[PDB]
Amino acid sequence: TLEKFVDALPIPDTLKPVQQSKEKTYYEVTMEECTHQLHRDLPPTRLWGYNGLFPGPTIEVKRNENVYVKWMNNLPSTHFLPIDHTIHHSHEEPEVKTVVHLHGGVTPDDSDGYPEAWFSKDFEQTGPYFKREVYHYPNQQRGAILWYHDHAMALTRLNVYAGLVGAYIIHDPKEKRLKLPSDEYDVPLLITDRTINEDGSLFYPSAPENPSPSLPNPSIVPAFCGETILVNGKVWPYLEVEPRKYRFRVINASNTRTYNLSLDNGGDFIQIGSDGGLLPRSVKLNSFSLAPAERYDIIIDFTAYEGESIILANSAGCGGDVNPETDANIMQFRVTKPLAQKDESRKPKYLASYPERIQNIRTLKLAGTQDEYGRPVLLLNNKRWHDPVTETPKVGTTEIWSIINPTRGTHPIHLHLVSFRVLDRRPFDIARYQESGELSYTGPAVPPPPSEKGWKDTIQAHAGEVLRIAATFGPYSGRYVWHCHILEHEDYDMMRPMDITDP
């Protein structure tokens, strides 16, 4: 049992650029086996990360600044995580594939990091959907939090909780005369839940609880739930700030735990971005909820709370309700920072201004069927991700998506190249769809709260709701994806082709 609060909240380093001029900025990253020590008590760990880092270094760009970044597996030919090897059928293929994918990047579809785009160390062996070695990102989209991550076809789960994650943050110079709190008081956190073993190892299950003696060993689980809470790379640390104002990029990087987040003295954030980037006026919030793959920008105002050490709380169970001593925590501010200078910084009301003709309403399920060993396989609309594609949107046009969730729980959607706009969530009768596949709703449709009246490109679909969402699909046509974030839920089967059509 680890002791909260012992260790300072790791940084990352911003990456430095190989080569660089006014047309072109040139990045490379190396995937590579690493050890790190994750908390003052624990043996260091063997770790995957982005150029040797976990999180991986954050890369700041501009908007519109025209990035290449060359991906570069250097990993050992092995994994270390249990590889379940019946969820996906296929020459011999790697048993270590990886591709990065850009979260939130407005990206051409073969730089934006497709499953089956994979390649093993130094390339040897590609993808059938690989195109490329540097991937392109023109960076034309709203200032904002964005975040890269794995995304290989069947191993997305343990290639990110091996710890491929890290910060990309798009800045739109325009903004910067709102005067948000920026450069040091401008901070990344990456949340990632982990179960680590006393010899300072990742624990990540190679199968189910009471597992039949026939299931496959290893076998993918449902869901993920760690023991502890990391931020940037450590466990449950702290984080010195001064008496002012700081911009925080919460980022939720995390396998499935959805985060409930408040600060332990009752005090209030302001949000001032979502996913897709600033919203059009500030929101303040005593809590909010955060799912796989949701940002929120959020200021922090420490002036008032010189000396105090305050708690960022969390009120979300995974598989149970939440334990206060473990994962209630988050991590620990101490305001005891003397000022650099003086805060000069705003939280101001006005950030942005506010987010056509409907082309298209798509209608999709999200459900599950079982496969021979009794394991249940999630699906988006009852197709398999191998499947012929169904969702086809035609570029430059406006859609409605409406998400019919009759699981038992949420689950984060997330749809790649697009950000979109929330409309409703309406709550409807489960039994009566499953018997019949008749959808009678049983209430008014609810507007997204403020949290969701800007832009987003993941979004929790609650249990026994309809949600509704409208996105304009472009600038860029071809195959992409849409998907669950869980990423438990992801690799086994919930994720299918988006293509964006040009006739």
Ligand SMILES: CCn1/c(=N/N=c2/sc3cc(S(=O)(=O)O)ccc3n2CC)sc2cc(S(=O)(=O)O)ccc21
Given for the second form:
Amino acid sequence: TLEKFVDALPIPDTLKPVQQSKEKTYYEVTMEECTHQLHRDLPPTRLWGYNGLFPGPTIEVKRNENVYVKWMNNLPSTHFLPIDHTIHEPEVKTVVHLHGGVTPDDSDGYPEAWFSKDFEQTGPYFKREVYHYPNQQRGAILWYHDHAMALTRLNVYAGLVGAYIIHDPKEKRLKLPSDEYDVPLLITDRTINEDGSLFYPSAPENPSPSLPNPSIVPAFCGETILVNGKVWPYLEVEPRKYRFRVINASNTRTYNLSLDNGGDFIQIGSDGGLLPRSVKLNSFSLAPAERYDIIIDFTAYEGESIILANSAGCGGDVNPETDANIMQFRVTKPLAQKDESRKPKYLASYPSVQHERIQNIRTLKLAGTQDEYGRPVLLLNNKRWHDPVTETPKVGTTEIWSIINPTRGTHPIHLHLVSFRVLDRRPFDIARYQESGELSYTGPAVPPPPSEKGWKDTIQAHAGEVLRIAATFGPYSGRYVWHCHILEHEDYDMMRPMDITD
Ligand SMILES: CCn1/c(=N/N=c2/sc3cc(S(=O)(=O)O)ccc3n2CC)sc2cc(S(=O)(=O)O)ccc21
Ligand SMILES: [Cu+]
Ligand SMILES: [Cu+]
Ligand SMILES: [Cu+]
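What about the form deposited with the ligand bound, after the form solved without the ligand?
The complete assembly is shown below, putting the previous chain first.
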């Protein structure tokens, strides 16, 4: 196993515009196969990256900035990871989805709006080359990645992930740490071969003779953890307050972070932006696609080496010497100036201030069947991706979604376009529900903790519970999607279309 904490943390450069004016900002990003060293003792690794970078460059915009990004495919015609042709036409398809973006439907990166190299071939839902991001939403941590039909888990694992930040000039008065002291942290677990090449399972453990090859796997757990493209890195920090945009860009793995010196995290934001009130945390869970906007005060730890630790297991308990480690902070950098940043308690207006009428209430269940090969096929409400759309909210209206989870594992449920509030969680008799379809609660409703009292777009739906959320579908109408963000699940039909009707 690679030696931990020997490479410094890379800080992705901020992408510079091809053209910019007061009325518009135009960017160009090209997907390319490239090589990068992920660790001091590894040979270079072959990856796929936006502008040839892993992670891709960080994009910074202001609220309401009129942005355009021309995402281009200039990758090889053949993939380098195991493709299962039985779960679903050029071999390499790509489409960029701005996760968390309030985007017009033809710029949202629909799974079937893919395109091959140079846009030679395009999916049935392709409409445009240059994506449009009006950015008329709250300041927040967004991130972009590939979303191609049936290839999402592979393209993302290949390295197609990047951070996107929306800055709301009105929040500047909070004086939160900024600039050099505002650092994004993209966490991705990977398994790397001796030759430095990426390893992605070609099939499940002990493959059945009647199983396809390659064969998609229901989940993926890497043996190594990276942050911003480097294995267990270290970051030199000044003894003061820092802001971190934590992003889980992993296929399956869920993290449960904490600091080994017992220090606290100060959560100031969730997927949807600033929380109404800051929350002191000793630890926090972060499933795939979830984002935590936090402040860490290093002021009193000058000289110390602090480890960002993980206690959540993935396909087993955490290994103290490996996946139990994320990165290491080193409070040894001299202060460049006085720490003028603040860690205010009053961050933003409450979401509950809004009083919307409940137009509809959808009850959805997390299930699945089994294919001809004996493999599990996860389905949202027992429907397949290709079946006729069923989740059809009306633009401008608010609905309550009740997600029933009779499975034995947690599912990070994500809805495109919108941001939503969490109402509560409640346990139920799984056996009963599975045998009679009847839902019987075995305890009271549990309201969300301070962490989920803001706006979320990716939410954890625990096993044996019913999760209720509320969302106002808009401002745009069109064809979008909602799905589990565990890529291995998403690619084998745990994804459904979502039509916001007008
Ligand atoms: C319902 C799930 N579906 C499977 N894949 N899903 C997975 S893989 C997975 C890994 C983690 S981890 O870090 O994030 O360990 C957490 C949650 C996970 N889930 C969702 C629970 S495997 C299966 C077997 C049966 S049984 O009836 O074959 O005989 C029935 C249904 C099945
Ligand atoms: Cu996403
Ligand atoms: Cu899932
Ligand atoms: Cu998505």
